[PDB]
Every structure is written in C-alpha cells, then in structure tokens.
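Asks: Here is what each chain is made of, one letter per residue.
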Amino acid sequence: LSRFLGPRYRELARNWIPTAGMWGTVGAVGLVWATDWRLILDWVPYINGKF
Amino acid sequence: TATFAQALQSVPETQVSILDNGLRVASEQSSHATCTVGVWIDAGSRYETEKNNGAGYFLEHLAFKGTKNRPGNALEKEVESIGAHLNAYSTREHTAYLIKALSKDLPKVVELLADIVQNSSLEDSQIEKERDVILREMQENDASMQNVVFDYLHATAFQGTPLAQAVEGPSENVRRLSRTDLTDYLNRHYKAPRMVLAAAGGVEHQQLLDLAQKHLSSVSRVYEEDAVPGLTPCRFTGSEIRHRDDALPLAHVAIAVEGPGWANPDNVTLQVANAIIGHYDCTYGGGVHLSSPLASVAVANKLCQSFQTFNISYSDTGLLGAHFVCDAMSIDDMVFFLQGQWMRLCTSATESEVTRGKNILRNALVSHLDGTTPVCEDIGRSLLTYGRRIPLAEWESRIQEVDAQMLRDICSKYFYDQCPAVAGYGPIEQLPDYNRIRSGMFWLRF
Amino acid sequence: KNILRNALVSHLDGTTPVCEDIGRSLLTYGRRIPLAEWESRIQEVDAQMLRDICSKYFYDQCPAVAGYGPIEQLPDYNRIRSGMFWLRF
Amino acid sequence: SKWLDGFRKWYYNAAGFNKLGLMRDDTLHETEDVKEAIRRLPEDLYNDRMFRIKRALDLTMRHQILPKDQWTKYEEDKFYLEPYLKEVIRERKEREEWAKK
Amino acid sequence: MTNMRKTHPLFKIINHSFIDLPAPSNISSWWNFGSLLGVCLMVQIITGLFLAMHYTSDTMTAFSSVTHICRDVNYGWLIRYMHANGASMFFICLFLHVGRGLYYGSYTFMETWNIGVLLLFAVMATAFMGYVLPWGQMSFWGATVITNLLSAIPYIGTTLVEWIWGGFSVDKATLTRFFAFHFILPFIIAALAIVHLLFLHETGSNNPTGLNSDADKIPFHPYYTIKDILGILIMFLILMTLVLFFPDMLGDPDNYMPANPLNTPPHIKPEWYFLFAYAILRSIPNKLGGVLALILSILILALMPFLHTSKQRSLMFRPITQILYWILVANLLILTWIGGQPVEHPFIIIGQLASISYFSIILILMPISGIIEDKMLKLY
Ligand SMILES: CCCCCCCCCCCCCCCCCC(=O)OC[C@H](COP(=O)(O)OCCN)OC(=O)CCCCCCCCCCCCCCCCC
Ligand code: HEM
Ligand code: HEM
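Protein sequences, first through last, are from chains K, A, L, Q and N.
In terms of the entry's author numbering, the first sequence opens at residue 2 and continues consecutively.
In terms of the entry's author numbering, the second sequence opens at residue 1 and continues consecutively.
In terms of the entry's author numbering, the third sequence opens at residue 358 and continues consecutively.
In terms of the entry's author numbering, the fourth sequence opens at residue 10 and continues consecutively.
In terms of the entry's author numbering, the fifth sequence opens at residue 1 and continues consecutively.
Bound conformation, chain K alone:
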C-alpha cells in the first residue's frame, strides 16, 4: 500500500486523528453505557447509586 505514502496523505491523517479519536470516545462511552460495564460505571460518581 505505497499509494498513500506522501506528505499530503500524512497531513490528511494528522487532520483526521482528533475526529477519529472523538468518535472512538463516543463508541467506547456508548459501549460502556449499553453493556452497563462495572469496570467503569463503578468509578463515575453519580452512576454508583444504581448498584
């Protein structure tokens, strides 16, 4: 995959890192919320009252 090895593609990747990281944060928060994961929701203060 040597097509995308250049300064323009590196600049595009660097520009799209924070949006992808924010979407990964969205996915992780949604996964923890939907599965009701005890490894994280036991640490958030207001969520502790339902356990």
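Read the hints as simulated data drawn from the structure, not as lab findings.
Fair warning: there could be bad hints in the mix.
[As the list claims (entries may be wrong)] Computed Cβ-Cβ distance ranges for the label pairs, DEER-style:
#, chain 1, residue 1, chain 2, residue 2, range
1, L, 431, A, 246, 35 to 41 Å
2, N, 229, K, 18, 56 to 62 Å
3, A, 336, N, 111, 22 to 28 Å
4, L, 428, N, 229, 26 to 32 Å
[What the hints assert, rightly or not] Beyond 10 Å from chain Q on every Cβ pair, some chain N residues (computed):
#, residue
5, 1
6, 41
7, 76
8, 149
9, 155
10, 172
11, 180
12, 192
13, 205
14, 268
15, 270
16, 346
17, 365
Beta carbons: idealized from backbone N, C-alpha and C, even for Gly.
The hints should help you fit chains A, L, Q and N with the ligands onto chain K, whose structure is shown.
Replies: Using the frame of chain K, we list chains A, L, Q and N with the ligands on its own:
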C-alpha cells in the same frame, strides 16, 4: 534579477491629497501616454429609500446628455474632439464616471468631469426619452439569466433591507420619477466628502490637484438642513427563491452565505478559498486534468455548463458563494459536489492546494491591476471602501501569511453549518429544497 | 382484397409494365392470365381460406433470417422460431 | 539463455491459449489500465482482437480447439497491447506521484 | 404496446433476470451449480415446512415426534430423509460453487463474493442448529462441544454461552430457540440470495476463459433454461437415489438413540461438511487459537480477492496455480478425512501438516506462483 518582492515594491505609490471641501484627490503615475481620470461617489441603490429606487441609474443615463455650460450633444462633441472615451457605471454602493484620454488633454477632461458631477441639466424631454430607453433595456436585461439570478439572490438574501432592491429599480418607479426626485437625489448623495477624483497613468499629482482646486472646489460640503444620512446594517436571511420556467434550455443556480465585508481581512483568506474552487465553462481546454476537483468532476461526469465562485463585499456585509449554469437533469449532482468541496475546505485543507490558491490569487491581483482603467478603478474603490489605497506589497504579505490551518478555520467560520441563500431560475425542479441544501452544509463525520 | 385489386390494376398501366407482365406470364404460366381471372381469384378469397393458407405457410415453420448492421439485439433463431407459433392456440 | 527460451516455449504450449488462437495480450484481465489501452488501440487490431476472443469463446463453448496448423505459434505472438499499456501505466504513475506529493 | 414481458413492472424483473439476461455462451456445467443451490434451498424449505407440521420442540417429545413422523405420517420418512440428504446435497453444491469461484477467478466480483461468504456462514449455522433439532445423542453432544468452543472466548465467552444456552447447559430452552432460529434463518438466506443475484446481475457473470464475453452472449432462455433443468434433474436423480437406496451412508447411527446427558459417546464428530473445520480447529493445541483458526479459515476464503497477483483472471491458462489448486482440494479432502478420526497417532501430525499446508497454499504459494507465471509469460 529581481524577485516578486521588489517587483511589487517597485510599483509607484498612489498619492492622495484633500481639498478644503473634503474631496479626495488621488493619483498614481505611470509611463503611459494615456490616462484614466474618474470620479467615484459613495452613492448607490443602498442609499435609496424605495421611493427613488432608480434615481442613480436614471441620473447615470441623464449625466451625458448635456449640462448648463455645455448644452446637449456639443458636450459629447468635446469628448469626441480629443478622441477620449466616456464611461459610467453604478453598483449598489458606488457610482463612477470615468474618462480614458491622452495625457496632454488632462485639464479639459477634468473640467468635463466637473460638469458631469455638478451642472447636469435634466431636461424633461430627455427624461421621457431616457425613461423609454431604461424600459427597453430592462426588457433586454431580463433575458440575461445570470443578472436575474444575482438580483434574486440579493433580494432573498437581504429581504427588507435597502440591499435587496436592484440598481435599476422597478419599472413603476421608472414610469413614476420626475425631475424633482432627481434633483433631491443629486443634492443629497453627491456631496464633496463622499467623492474621490482618481487618476491613473501619465498624470502629475500636483497638476491634477491644481485642476481639482480650479474646477472641483466647493461642490456642496453642506447637507443644507443638518440632515445627515446614516449607513444602516442589513440583515442577512437564509432563504430561497425559485423562479420555475420550464421553457428555458438551461438553469442558473446561485448559492451564497453571508460575507464578512470590506474591512475584514479574512476576505483575503476567503479569496484563496475561491481560488481553490475556481471557475469553469465549456470552452476550457484543460480537459480532465484541471486542478480544481469540482471542475474535474464536472468534466468527468458532463454535469455543468459553467460555474464560478464569487465574494461580493459591501459595507460590513456580503455574499460568498457559487453560481453554476447547467441543464435540469444534472442540477442536484452539481449541488452535492459543490457542497462537498466546501466541506472539504472546512475539514481537509492541505498545504498544496493552499499554495496553489495563493499563487492563483497573486496572479489574479497583479493581472487585474494592468492598464490605466483598472488601476483608476482600484484607486476609487480603495479610497471609498478602505479609506486608503492598499499597496500590492501589503496584499502579498496578507497572502503569504495565509496557511492551511487558518484557511480551514475561516472556512469553518463562514461556511460550516450556515444557512445559505439560494436563487434558481430555469428548469429547477430537481434543484433540492432547503432542508437538503442545509443538510449538505455540514457533514455527519465532520 | 381492395388493396390487391388496386395494386395490380395500377401496376398494369403503360406499355412497359404491360409488356413486362406479358413476358413474365408466358415465361412462367405459359399463358397471359386475363385481369378478370385475377379479379375472380381475388373475389373467391374469404377469411376462412386466408386463415388456412396462412396457417399452412406460416404457422410452426422454420424461417430464413438475414441481418445486416447493428444486429446485436436481433434475437436468436430459437427465439424467432418460438415466436413463429402461439402457445394459446 | 537457449535452455530458458526452450523451456519458455514449452510453458507457452502448456498454457494452452495458443490452441484457441489467442495471442498473449488477448488473455489479459481487463483492469482500468487494460481497458484504457484497449480503447487506445487502432481499429484493425481492435477488430482482430475481438474476433479472436469471439472465436476462442465459441471453441470453449463446443469444448474443442483449433487444428494444429492454425495454432498461434510462439514466434508470431506479437505484443500489440504492450506499448499502449506502458504509456497508460506511466501516466497513471505520474498522476499518482502528483497526488502523492 | 403488447410487449407485456418488458412493460409489466413485475414481469420485467423476471424477464431481465431469467429470459433476456445476456449470459456467456461458453459456461460449463459448473455454472449450473448455484442455480441448483437455489432449487435445493426451496426443497429444504418445503420439506422443512412439512417437517414443521408434526415436530414438537420439547425435550421429552422431540425424538418421539421424529419417530412419529418416520412411522405414522404418510410418507413422513420420505420427507425427513429428503430434508437430511438435501442438506447434504446443499453442502455438496456449496462446495462445488465455491470451488468454481476460486478456480475461475470469480472472486473479483467482490460484493457478490462477500454476500456469498455471509450466505455460507448463515447456511452453516442453520444446518448446525437443524442437526441439533432431532435431539439424538449426537445432536446434544455436538451442540455441547461447539458451545464449549464458543466458551473458549476470553472474558465474555462464558456469559455469552450461558446466554445462548438459556441456562447451565444444552437443555429445553436451547432446543426451542434452536427450532425458532432454524425456522427463521433460511428466509434470511433467501433474501441474501436475492441480494447475491442483484449484485451479480449488476456486474454480469464470468466465463471459464476469464475473458470479456461481451462479443459472444446469448439469452438465458431457452439455453440455460433447459441446461439448468437438466442439471436439476441430475441433482434430483442423485438426491433420490441417496434417499431411496442409501439413506444412512452420510448420517451417523448414534443419532438414532435418545439424548443422554449421563452417557457420552466414545467419539464425538459433527457431520461431514463440518469435519474439515473440526480438523482445522482440533490440530492447534489451544482453544482460542483453534476457534480463531476456524473463523480465519472461512475469513481467508473471504479474503481471497486481495491475494490475486496475476494479470490473468481464470486458471485455464495457469498450470502451476492449477497444480496448487488441486493440491489444495486434495488437502481439503485429507482434512475432511482427519476430522472424522479420533486423536491418535498419526492423525494429529497429519491434521497439523494438512492445516499448515492449507493456510500456506492459500496465503503464500498461490500469489508467488502467479508472480512466477507472470515472469514466465514475459509480462514484466
Ligand atoms: C514434465 C512433464 C510431465 C512428466 C513427464 C510426462 C510427459 C508426457 C508428455 C506427453 C504429453 C502429455 C499431455 C500434456 C498436456 C499438457 C501439459 C501437462 O500436463 O504438463 C504436465 C503438468 C503441468 O506442468 P507445468 O505446470 O507446465 O509445470 C510447471 C513447472 N515449471 O504436470 C506436471 O508437470 C506434474 C505435476 C505433479 C504434481 C505433484 C504434486 C505432489 C504433491 C501433492 C500433495 C497433495 C496432498 C498434500 C497434503 C499436505 C499435508 C499432508
Ligand atoms: C425454513 C425452512 C426449514 C425448516 C422449517 C426446517 C425444519 C426442520 C425440522 C423441523 C427439522 C427436524 C426434523 C428432522 O430431524 O428431520 C429439521 C432438521 C434438519 N434440517 Fe431443517 N428446516 C429448514 C431448512 C433447512 C435448511 C436450509 C437446512 C440446511 C441445508 C436444514 C438442515 C437440517 C438438518 C441438517 C437437519 C437434521 C436432519 C436430521 O438429522 O434428521 N434445514 N429441519
Ligand atoms: C446460498 C447458496 C448460494 C446460492 C443460492 C447462490 C446463488 C448463485 C446464483 C444463482 C449464481 C448465478 C449462476 C451461477 O453462476 O452459478 C451465483 C453465482 C455466483 N456466486 Fe453464488 N450462491 C450461493 C453461494 C455462494 C457462495 C458461498 C459464494 C462465495 C464463495 C458465491 C459466489 C458466487 C460468485 C462469485 C458467482 C459468480 C459466478 C461467475 O460469474 O463466475 N455464491 N450464485
């Protein structure tokens, strides 16, 4: 050799003086044997109050039909006698009366311009003849589709303000205005502090200043009732006007957002953004190898007949957007691709396209400032809008300070999640309505 | 029948097609068939024997097909041969 | 060398597209570059190529091959598509390099 | 005007898909097989529907209902054995369809290939739970074994297996939900087959030469109409001789005993179409690694379009990769044989070498062979 920097700094400076009336007198000297001398007045359709909506246009028609000192065509006989060219134009904010002549005919030309600004005899028979002329030229101007589309865009973008109304005005006002309305408009909006005498080419500044002292001194300087007009900001409205007429062969669509204005420097950055998108029409020889992605996809998919980008600026407002001409069955696709390019400039601007846009803007500015007429035009607009003539070195500095990060920041400030004004004319059924365009004004992936 | 009557009477007009018809008639039939005989043979034709003759020469017969030009959408011989009969009949 | 050339003729006969009358460049899979090079061909070579492809498809349809005198011999297998393919490949690399920088 | 076949909106879909569809003239009998699959799918559904008219998904009466179908329902033995041997025939036709797609370069139709891989996963899951349904000894113990390999997944596997079980082991809830899922999945398989045909008719179909067959194309009707009817009739000959003459040569005898959780069989196997995957999983001496080996075996079957490094499409003119392909098919036969054998000498080392050679042939040897062929044909 000399690089771009000292070639720009070797341009002669525009020297500005001021008379006792407040009339600005600005000139720039070159080695040409010809010259362009014009008068720029801060008076357009924005200063009209819907009862005199065609006063500037109709005065622009009447201004060459004779004065008190030079009655009738003898006046234009004089501007034939030296072989000079006489032009005038009116916009929504500025009016210009300019003469291209030789250098040695510099005094009489200035004297001629003096008559045109303060001695115009408005004969009633000439008023009727120019009324019929204005009616027939509106009857040919509505055949030109892009003027109709840009007037529709101005109307729907500046609803309820004096910036919606056209320069020509409605036809009822053309049938209605008399000589006294023209006299009141002439005594209200032709004030000496709102006037610039601009000269470009083979002119001496001291001789031009002496001629302005001789002829252009004591124009009015006084509003005669202590009733000074004030410029009022215009409300922008995200809206849509759709003039459907299916018998036309081609459709013209303009989409714009609110511009920053004359004095806001990020205009320069926005100009670079326009240079990334560029212009296209069907006679361009580039083929599929055009650098603009919109032009390349238009050639590849046979979508548009033409498109262009505009940054129209008025006093702290403006319209920034794109106008395209295409057949009906392509319209929606064109809109989609156009919006994608805007969002790419809001999200994924790279350094190479920014460098290309900066080079295109440098070429555009220097190639536009060529000849005595566009230099005089730039001097008049610069003294009316900025209050000073911005030199090309300052433009080059403001261009070279633009990088990709501030370009996508300013583009996100002005394009992303903004309500546009849409004006369509022709077979525009497949032109999407306001929800689809408004949803295309942002991306769900940012 | 009216079209055929008008066609043959209009064709036999002028010396050249009459001589042409005489030459073909004596070469093929051995005699010149008079035009009243043609009219009698036309007027003896009704819908029943037209159906019988068209079924004998047309229905479920293998045709000869010639094509020239952009004939890609010209159907196969199997499709044409299937179209030379009806399943409803 | 000569042994490699003889083994390459043996592999050419073992490949078996000469038994259908096909050339080397007829058997190329139509990628974007191959379709562009086919579109750049002159009409005589284009018509020859598609008649050869149609005849090969007909022979494969009836599960037969050509007579041995009608086989594409090794020394008359002219690479007609190869310079057009090199032109298309080189200009695609140029466009890729320009988009890369 | 009266060309209803191409103006009626319902009839134009059948026309465009089966009558005026331009098909290559030179496609062999291998191209019949996918059509057979659709017909076989219909057969399964029909037999299953009649098998659903007398079967109860209760652990105390599932075996009793199967015996009541085979003994008291008129021709119920015929319907049951047509269903079982039609599952076997479906997997035979799947294997030959996939082998045609691998050999003739048909995986370059990437969307059709991926929808096929999803279809293959759905059919394997459907057949597994359908084999659990008669509630014999081998059904219960195969379900227990396969769910334990699912429980090999770390940190979520055990809770997922007790969620799928509906309890502590394979029980009443597992059998009833397996009946529900075994009913509902073939209709999703039919919808995915509609998507399969949609993508293929979008891209057109391939020919054994791998060339552009646009110069010589024929209508689907009546050529491939009568050719696929001949193929359906041959397939029904093989299916009905398998039903009426050798009904138990593919099944297992221990499924004719009722399910006993106290008694375990001496050797536990799945059916023959899962035996190569069982041998692939069983060769690696780890649980999670074996489950990943099975999943990645079907996933490298999905990954096959990214490994094509040849300028020719089909293997008709590629003899070295032909040899490698037949070695791969031979290796799959060896893995199917090993999957039905217990773990003694030398079956462990034979299965280990078979799985290693399988992954090495698919992942390494075929693109290297294609590069060597491109060198030998003087392409570059
Ligand atoms: C050299 C020629 C053949 C031998 C001498 C015989 C000459 C006869 C001459 C008369 C004409 C016969 C007909 C010719 C028809 C077309 C040509 C042909 O069939 O060629 C032979 C064939 C392919 O040869 P080719 O692929 O061109 O060789 C590549 C080498 N560079 O096939 C071969 O070359 C042989 C391939 C043998 C492959 C053996 C594989 C063994 C291993 C299988 C393992 C399977 C199980 C794996 C399990 C793993 C886990 C335990
Ligand atoms: C929606 C349609 C289907 C229904 C309603 C259905 C229903 C049933 C029923 C009730 C049984 C239990 C009776 C028996 O044991 O023979 C069964 C068994 C089975 N089904 Fe299906 N089935 C369907 C489709 C399929 C499909 C598509 C396959 C895969 C090809 C399949 C594979 C099997 C297998 C392997 C068995 C076990 C046969 C045995 O051991 O007796 N079924 N099915
Ligand atoms: C559920 C069972 C399946 C059905 C009903 C099915 C149906 C079909 C049908 C009707 C065709 C067109 C006729 C033909 O060329 O044989 C076809 C072709 C095809 N199928 Fe499937 N298919 C199935 C499984 C698969 C699988 C598992 C794959 C992926 C490995 C696959 C990939 C393909 C490909 C690539 C073609 C194109 C053949 C070519 O043009 O060479 N199919 N299928």
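Asks: Now look at each hint and say whether the structure bears it out.
Replies: Hint-by-hint comparison with the structure:
{"no.": "1", "hint": "L:431 <-> A:246: 35 to 41 Å", "in the structure": "holds (38 Å)"}
{"no.": "2", "hint": "N:229 <-> K:18: 56 to 62 Å", "in the structure": "holds (59 Å)"}
{"no.": "3", "hint": "A:336 <-> N:111: 22 to 28 Å", "in the structure": "holds (23 Å)"}
{"no.": "4", "hint": "L:428 <-> N:229: 26 to 32 Å", "in the structure": "holds (29 Å)"}
{"no.": "5", "hint": "1", "in the structure": "holds (35 Å)"}
{"no.": "6", "hint": "41", "in the structure": "holds (29 Å)"}
{"no.": "7", "hint": "76", "in the structure": "holds (44 Å)"}
{"no.": "8", "hint": "149", "in the structure": "holds (40 Å)"}
{"no.": "9", "hint": "155", "in the structure": "holds (43 Å)"}
{"no.": "10", "hint": "172", "in the structure": "holds (55 Å)"}
{"no.": "11", "hint": "180", "in the structure": "holds (46 Å)"}
{"no.": "12", "hint": "192", "in the structure": "holds (28 Å)"}
{"no.": "13", "hint": "205", "in the structure": "holds (13 Å)"}
{"no.": "14", "hint": "268", "in the structure": "holds (46 Å)"}
{"no.": "15", "hint": "270", "in the structure": "holds (39 Å)"}
{"no.": "16", "hint": "346", "in the structure": "holds (36 Å)"}
{"no.": "17", "hint": "365", "in the structure": "holds (18 Å)"}
Figure legend: structure checked against the earlier numbered hints; every hint is met.
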